[PDB]
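Undergrad: Chain by chain, the residues:
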Amino acid sequence: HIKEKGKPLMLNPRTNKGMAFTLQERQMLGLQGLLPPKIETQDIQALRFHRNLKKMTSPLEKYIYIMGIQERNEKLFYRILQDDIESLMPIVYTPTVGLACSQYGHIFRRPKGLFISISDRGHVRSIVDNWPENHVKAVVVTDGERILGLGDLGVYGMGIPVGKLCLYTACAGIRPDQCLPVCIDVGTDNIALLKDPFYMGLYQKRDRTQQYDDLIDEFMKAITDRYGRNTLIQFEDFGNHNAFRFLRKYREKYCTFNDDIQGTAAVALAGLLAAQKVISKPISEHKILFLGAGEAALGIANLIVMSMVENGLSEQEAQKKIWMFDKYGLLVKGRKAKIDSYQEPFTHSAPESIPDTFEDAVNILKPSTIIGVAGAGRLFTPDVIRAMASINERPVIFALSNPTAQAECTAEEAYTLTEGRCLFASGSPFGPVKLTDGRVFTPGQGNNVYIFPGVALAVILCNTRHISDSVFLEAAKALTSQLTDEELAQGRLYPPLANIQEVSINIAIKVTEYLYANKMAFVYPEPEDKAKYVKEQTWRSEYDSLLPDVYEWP
Amino acid sequence: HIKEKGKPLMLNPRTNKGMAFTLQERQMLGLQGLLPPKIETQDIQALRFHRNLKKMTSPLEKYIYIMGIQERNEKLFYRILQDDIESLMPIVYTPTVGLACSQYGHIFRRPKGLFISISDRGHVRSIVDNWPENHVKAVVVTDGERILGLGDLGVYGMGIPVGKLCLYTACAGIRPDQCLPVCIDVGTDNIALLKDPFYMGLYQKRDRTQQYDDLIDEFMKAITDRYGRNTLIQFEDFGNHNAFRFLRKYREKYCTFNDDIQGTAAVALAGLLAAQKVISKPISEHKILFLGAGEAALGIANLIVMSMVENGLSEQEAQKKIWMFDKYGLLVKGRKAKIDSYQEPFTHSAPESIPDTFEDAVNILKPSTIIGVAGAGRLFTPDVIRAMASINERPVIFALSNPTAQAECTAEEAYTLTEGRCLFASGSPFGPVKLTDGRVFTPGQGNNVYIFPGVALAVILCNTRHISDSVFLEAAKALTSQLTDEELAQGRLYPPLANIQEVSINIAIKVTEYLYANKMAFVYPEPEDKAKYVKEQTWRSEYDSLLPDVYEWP
Amino acid sequence: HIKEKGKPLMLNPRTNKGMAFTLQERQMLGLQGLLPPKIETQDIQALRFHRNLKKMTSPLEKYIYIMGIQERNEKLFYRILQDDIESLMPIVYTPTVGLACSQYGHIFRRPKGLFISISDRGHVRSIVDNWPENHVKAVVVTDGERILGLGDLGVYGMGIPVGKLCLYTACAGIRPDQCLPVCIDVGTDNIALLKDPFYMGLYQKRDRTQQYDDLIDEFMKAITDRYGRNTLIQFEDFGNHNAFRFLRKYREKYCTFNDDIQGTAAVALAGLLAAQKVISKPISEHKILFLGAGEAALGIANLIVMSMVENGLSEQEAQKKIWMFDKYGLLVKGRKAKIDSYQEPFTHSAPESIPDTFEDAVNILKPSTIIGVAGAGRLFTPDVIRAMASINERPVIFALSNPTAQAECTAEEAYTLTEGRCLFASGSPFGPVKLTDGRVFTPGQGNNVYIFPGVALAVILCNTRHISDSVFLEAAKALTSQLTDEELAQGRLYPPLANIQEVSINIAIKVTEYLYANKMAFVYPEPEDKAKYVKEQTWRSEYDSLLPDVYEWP
Ligand SMILES: Nc1ncnc2c1ncn2[C@@H]1O[C@H](COP(=O)(O)OP(=O)(O)OP(=O)(O)O)[C@@H](O)[C@H]1O
Ligand SMILES: Nc1ncnc2c1ncn2[C@@H]1O[C@H](COP(=O)(O)OP(=O)(O)OP(=O)(O)O)[C@@H](O)[C@H]1O
Ligand SMILES: Nc1ncnc2c1ncn2[C@@H]1O[C@H](COP(=O)(O)OP(=O)(O)OP(=O)(O)O)[C@@H](O)[C@H]1O
Ligand SMILES: O=C(O)/C=C/C(=O)O
Ligand SMILES: O=C(O)/C=C/C(=O)O
Ligand SMILES: O=C([O-])C(=O)[O-]
Ligand SMILES: O=C([O-])C(=O)[O-]
Ligand SMILES: O=C([O-])C(=O)[O-]
Ligand SMILES: [Mn+2]
Ligand SMILES: [Mn+2]
Ligand SMILES: [Mn+2]
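In order, the protein sequence lines correspond to chains A, B and C. When you line the first sequence up against this note's numbering, it's residues 4 to 557, in that order. When you line the second sequence up against this note's numbering, it's residues 4 to 557, in that order. When you line the third sequence up against this note's numbering, it's residues 4 to 557, in that order.
If we strip away everything but chain A, and leave its shape as in the complex, we get:
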């Protein structure tokens, strides 16, 4: 059932079916003549798309084309994504989405999402009231300060929330109409954008006064006021300072989490857990060195500690196995560079000698695992990689910074320089690597896309009010538990991306069972079969009938 008929049905991508509108639907809904005589199936439409995509050359050109369908025919858009999520992920998500954002103003055609600028302070609710959908259940918001490892892109960062939410639906079957991408515009410090005639935001530097916090507050209140107190709000790509303080400030008041801190933490742990299964290495022999000490590093470290603790280690001893090296060097007690409360637990007494470079840090500390999360480029140099391979029989190397150009190192560099002995994972995709001896290694992608879709679905379906760290610990376990022995032997630390749909649903199932078992679910009545309940609630890309109910009376 839909209230609009005629042309409006075609102009609205949510309802538009193109030539898939049946003859009966066309005649009854006033579309006869507005569409070519041909009646098509979604299959034919999907074929038309794949035929055209194949003739395209640049990833960006493909991004514009596919994302364009989200604004023409929503059902078809998700069908297309669903046909081959693995081959399209690189286009609609990292790394291409990063390219899209850097040139967002140049490729603009139609707006996507909700825009709230600091100039709208005191009027946010009226803006939230302008969103057409009334049953929003999930929001992904960014202020564009830390877009991937690209930095401050301001309003051009909107491409991120839009991308994340496309994955909510494509990966976890979350209803598109229940999702709302939001961009908070308080200005940008990117000088180049301030001089770009195509910039889509306020031409001012970022407002870092109390007005900033107040706007975010008005945003949180406005969203929940209209849609409900348990509306899921996923903070995405906020700067380091703001990311933590907002998480700390709102996690016990609203249903919210930060993808970059918590989502990335879960996927990383999941990979480390998979690696532990292939190496069967002693938790006591684990020495983890982080390249970076921000949102991801701190998030990951904290989840790692929670894991070691549940495994018979004290919080203190677990923390001692973790070191961090930020842009100023190793986090050691008494260093010149600042150390906040979050970093304190991982800041140890300075070792014998103090390293100047990350390479020095690797040789002095002799870590068994190295995790790259500095979003600053190829910091895992060939020498850093060799060091890890000479020190460890099976070194674990994670280059998680996105997009591809910001990655610490490539899959080819890792596998070749370690003679195929490393266990590698990255945030951005790399194809398989073949060494001179003929062995082929398939790098897994430690990207939060394996986590937020499933966690979002569970939280939404259970009407969860708040998200604890343990929820992400569980998602991590749920992710790695899906790896098959065969896949582990392949060098895979994560289930194949081609199966991300089924993987996300299983995660959702495992997390909802966890929520119920820990009194964090508030749905009634409580379904008896959680798995069956989640699977039944998923949105489908198949067209629905728009025919009015017609029948004879006795």
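Do not take every clue at face value.
Put simply, identical chains are the same to the list, so a pair is met inside one copy or across any two.
Said to hold, decoys possible - With a straight-line cut-off of 20 Å between C-alpha atoms, the simulated EDC-like cross-links for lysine to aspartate or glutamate are:
(1) 330 with 347
(2) 115 with 43
(3) 57 with 220
(4) 284 with 132
(5) 256 with 532
(6) 6 with 552
(7) 336 with 363
(8) 41 with 199
(9) 41 with 210
(10) 57 with 216
(11) 6 with 136
Everything labelled a hint here was simulated from the structure, so no lab data went into it.
Mind docking chains B and C with the ligands on chain A? Use the hints.
TA: Chains B and C with the ligands in isolation, oriented as in the chain A frame:
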């Protein structure tokens, strides 16, 4: 004043302004938050477009991009076309529009126009009633049987009426909302399309029974019943047989004309009229030979006769100067191949010897003017062109068949082979030609786009009921009268394409003055200054204010 | 926010303000010119209404006029009701609503509510999907078999759910857009209606097959499927058999109650609880005799027992003090007339002699309290009343059957025949009575209107899932606790009807606090101050601004 507010204003390309909506319009119309904070000018938007277009490679890719804008922001679409009509004409019109039609079903995104199929017989009115616009003033309809010189493309032919109408607006300032592209689908004989899974029409051979004629009758009736008996109906790309009979059948009952017979007839004459001024040749000495004897040849021949008649020659004398050579050879009394009543006046007693090829026809008849209108490819061979150059000092050579691949010959071939002595014109665009002696020749485009926009505007504004042949004779004179002596010397047989807007308006002005003088206009009150009236009535691509009228009460 | 503009805002009674639309709203929303130049306040509008009402003569005429305003200007409709609820209650509610119902098909103008017929079996969800409001929270449904004490009125009974819901808003401030009146039409056994050409329902006798139960099931499921499992569903005026059956069947599965069994039970108990205070009578000396043994009698008796039990008596002891006399006579063990499980607890060993009439029952049993609830007219004859006055110093006499003509006796009869010693209450309104000694007695109205509004508000605000009997016991205490000692001496057994609004809110507050204290509330976060929370959530009749948020950017 608009009756819609909110998202719908953005979903409707007619009203959507993208980031050009002012802050007040957004706040008052409920769009705040739905658009990026940025407020843009149409100039910036036009800049964004040209920036992107410049990076594209194939003409079809550009066609898809520009025509896509027509479905997103109509004002911008026409602003873009008006910015540089000359460089985009080859993309939205011939030859690219022919390529677009050939694969219309493959590049399909959104439907454009009204589709009426034979399966809708008896229900055409309900289809016409589904069109959202209430004030249609002009219709361009095709059945796709004779799409340019490409043949039967069926429903894929819809691309033609759409393009013609874009030009109604772009060239003559006719309101887009008053235009209606129509495709009559009675099936198609194109075997390739019948086996094409992306075909957009009925999968059946063309219905050539009484049902066909009845459907066309129902169409005419339905359009005029809803929009008025004086609604302009421009038949476009119909097959030979049908084209003439429908013109004869409806020209005195409805406000209708056939672009291929009459429009093309006027452009051709216009070029011949221009040529006569550059070489000052007495038409008693003009011997014209047509390659083809169909819609265009007969249309052109009839207008030529009318021109010679008003210039002191008897109809008989004028017709004797015209010869035609179709796919069976020279039209001569007593030939085996059929000769209908339209061709009879130009079928003369066989010459001394009967020609086998067009080349033979040229050498035996020794024409001074050769007009290619067979839509069959390069029939004006190098030898044909050489023959015209040896027989005449300044041969007139017209290769009017579209698209480019169907043209009788290129500008390069004509100018070079005649050593720059020919007066050449083509239906499809060719770049300037530079001969070994340094002389540069700029070929004119004798395409009906120089005629239908101006004639359509005059007929619409004058509420004309029927269109006589004389109207096209006048349009032809109006076109050529705009050539300046300096342009004649350039080898220009038509005003520069870059000036098609003002050229179309001036033609419209001359035609309306002609309509009033001949009691064919029915407008009340009758404007005293026709020129001023026409120019004031033209639709503009500048954005209109959508703000409600707000003011204070005393 | 408002998604509509122009004429539609005036055609929708929910938004229409008449001349109360401000100049700014008219100009910005496109209403300028569609309304007289005059700008009016709701005060002036209310005056216009009262001015006209005062000139009317019949109650039904007034009913048609006021109810018509609900379909023209909803805000004004409730403002009017709020101005003088006490004087209008008899018009919009009992007894006039009874008359309206009997002639519903004759006074019909616009339909109100949702209609679901047996002929729609299997298609109920599509009917529910047609209701315009998306946030329904409460439903009052009837099948019209037992409308007041009038019997089977079929679809004409829709007047009841409509009236009841008008009171949800007028008395408890429940949002009108969140209320849905429903009439289930499975036919009617009322012969007169089946021959009435203005009848509004199916022309068939009641379907009492399995199809009936199935339809009600489909109804419950469809309502909750669209609006939520906790949607409040108030059954109203269903026949005896079905009333209990559906209450027992759905009370633990849905959020539902039967107004006639539970609502009436609470208001009656409240009256008795008030009488308790005016005469300080020992519960052991309480001898109660019901005239009737159906929906109301059983409901009231059960609640009375719960009250005595909570006060130191065993269930058995309490039930022993209650006797019932239905149409076949006194409910005694072994009588010929049927006795079901609900009546068994009040069916005692036959007394010395078996009474023929209710009068005999009074003389043989010598009850101290008499409760009339047989919906059969003046069964409390002058002799019955005298018997109660001769047997008791201060007899308690309740004539609860509606409408007025169906009441067991009038207030005049009660007070005069008992010489002002009786404590009287009725379902339908009676004016004050003055005896010959000059004493004035003000009869209270023991009608469930004092209960369902407050209970509905509490259940809705607390998102309560199911309603226990104890909730009605609490509502009863909440109602009576509102009486001041001053009022008790005035013969008051209920707070003044003129204060019904504050009385309902207070009942709503007490019930919500009861729900929270007994883990039956599921709202979060839980408000600290329940009274403040409830009062802040109430819908107000004051016009709201419809102006779009316009403001300057810095
Ligand atoms: N050149 C560098 N060498 C080592 N560490 C660096 C270097 N450059 C930046 N870093 C560190 O990387 C961390 C970035 O933290 P931030 O919170 O900004 O992002 P993040 O969440 O780690 O980002 P990502 O999304 O890339 O994982 C900081 O601790 C910073 O000191
Ligand atoms: N190979 C050929 N050589 C000479 N004449 C040809 C040849 N092929 C086709 N013709 C002629 O060209 C004419 C085409 O007439 P038709 O009515 O189909 O289209 P048209 O409008 O005249 O041409 P165009 O499509 O170029 O505008 C016919 O008279 C046909 O006999
Ligand atoms: N004439 C009568 N004398 C005594 N009892 C009667 C008489 N007529 C009907 N009754 C009884 O009144 C009761 C009516 O029960 P029912 O469930 O139909 O409605 P109710 O909700 O109790 O009545 P109301 O809503 O009018 O107060 C029955 O037990 C019936 O036997
Ligand atoms: O295949 C279709 O009908 C739609 C294609 C698109 O919107 O690109
Ligand atoms: O420049 C714009 O705002 C619109 C571009 C488009 O529709 O392609
Ligand atoms: O910011 C990132 O790199 C991400 O979310 O994957
Ligand atoms: O048909 C054609 O070639 C035209 O209209 O230009
Ligand atoms: O049925 C009744 O009389 C009532 O509900 O008031
Ligand atoms: Mn991120
Ligand atoms: Mn044509
Ligand atoms: Mn009732």
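Undergrad: If a hint holds in the structure, say so; if it does not, say that too.
TA: Status of the hints after comparison with the structure:
no.	hint	in the structure
1	330 with 347	within (16 Å within a copy, 85 Å between copies)
2	115 with 43	between (28 Å within a copy, 17 Å between copies)
3	57 with 220	neither (46 Å within a copy, 44 Å between copies)
4	284 with 132	neither (54 Å within a copy, 59 Å between copies)
5	256 with 532	between (30 Å within a copy, 18 Å between copies)
6	6 with 552	both (13 Å within a copy, 19 Å between copies)
7	336 with 363	within (18 Å within a copy, 99 Å between copies)
8	41 with 199	between (45 Å within a copy, 12 Å between copies)
9	41 with 210	between (54 Å within a copy, 17 Å between copies)
10	57 with 216	neither (47 Å within a copy, 43 Å between copies)
11	6 with 136	both (14 Å within a copy, 12 Å between copies)
Hint compliance for this structure: hints 3, 4, 10 are not met, and every other hint is.
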